[PDB]
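Presented below, as structure tokens, is a lone chain in the form deposited in one PDB entry.
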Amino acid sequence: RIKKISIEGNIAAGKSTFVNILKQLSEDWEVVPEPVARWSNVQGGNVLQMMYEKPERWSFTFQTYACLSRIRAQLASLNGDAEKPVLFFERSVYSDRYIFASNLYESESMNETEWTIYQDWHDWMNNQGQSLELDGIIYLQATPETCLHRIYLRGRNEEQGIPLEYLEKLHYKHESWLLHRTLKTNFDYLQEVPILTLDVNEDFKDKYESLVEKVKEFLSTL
């Protein structure tokens, strides 16, 4: 019943900022924030930090918890009577698996066993899920350079050592999935989901007017 729109894009592209703006446009519109605070303080251990520090040890543990915490929050938001309700997800279980987890496996931060377990867990976990299927995707496109700068602006302690090259790899995965559309998932419906690509490289005064209305254009078509 609720339209579910995922906001995708690289680390610090400006997804939280944008959706928190967008949501004031309508009482019918709510956000499900990416549960990053629950990753910083496991409840507490900093599993986010452990993964950045020791990715060969902690990537699988991190990735499983990330995805579980997202499903939990997204499902909780669907449960709690509006004209045209829209729920904006900050990222999705598909970016969890096909971007982040996948990149860790490609980097050898998860081994073949860990990647197999992750995929089997993800397959089953989402096959139960079901009510989380997306009606649309908004891709906020920023260059890895922009993302690096915004990382510094925001000042999340765990993120400060992130190298440009890591952001580059993440950028290429997003481009393969959402712009080139060469990234194959095993979720069949996903190949028919409309994607709205917004460029957010400029300082926010420069284009935010046009961006909000593009989202308005987009949502009325779903």
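Take the two forms, superpose them, and find the largest set of C-alpha atoms that agree within 1.5 Å; that set is the rigid core. Positions refer to the first chain, counted from 1. What changes on going to the form deposited in another entry:
- Once you line up the core between these two forms, the CA of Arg156 is the only one from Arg57, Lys184, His180, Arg156 that shifts by 2 Å or more.
- Once the rigid core is used as the reference frame, the Cα position of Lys207 differs between these two forms by 2 Å or more.
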Given for the second form:
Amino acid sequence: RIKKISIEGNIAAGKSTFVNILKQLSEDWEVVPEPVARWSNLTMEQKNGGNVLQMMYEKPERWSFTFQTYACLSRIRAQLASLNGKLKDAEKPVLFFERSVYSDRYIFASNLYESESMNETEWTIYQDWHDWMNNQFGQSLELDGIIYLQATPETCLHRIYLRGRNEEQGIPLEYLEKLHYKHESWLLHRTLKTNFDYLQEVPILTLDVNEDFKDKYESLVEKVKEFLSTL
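Can you return the structure of this protein in the form deposited in another entry rather than the form deposited in one PDB entry?
Only a single chain is listed, so you will not see partners or other molecules.
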């Protein structure tokens, strides 16, 4: 009865900015930052999170499997914690996930494989480890909906340029372009098949977020509220 909705989009699309706006508008609405975002900048996980982040950057062909598995594991734990810990005293509870286990596999992991940073065996083991590990533990992480925050690679690039973090100034447009295409095919075009038949029919809301919405988001929030009523 808690509604689970994932916020999808490219790097620097505005997902953190969006969910940080959404969380303050209602008591019935909670948020789960993706752990990779927390790793980027201390617990057992945060330490391993930092190290593997750096290792991955320094050698993706060595670390893409290690990182993807841990990133997904951590997300499932961060999400299950929120399902069981939050929104019991809410009449219309909504839980907004920053990305999803589907993003983990069908965007990031899938891209690393296609970039040759995972070999066939690693990608094959990862999919098995994902197919199985979600279809019980994170069985009822099933999402009620997806909000797709669509921004072009250039916007995202400028929002990386604008965010100003030293470590990401070097992310190349080509990669952003690569991630954009994977999102479009899953979320906009719907060609990409998955091993999770319900996702073929789960309702998506696309929002166009090229235009800065920081001072001006009501049309966007109006669209979210309207989307929630159809679920």
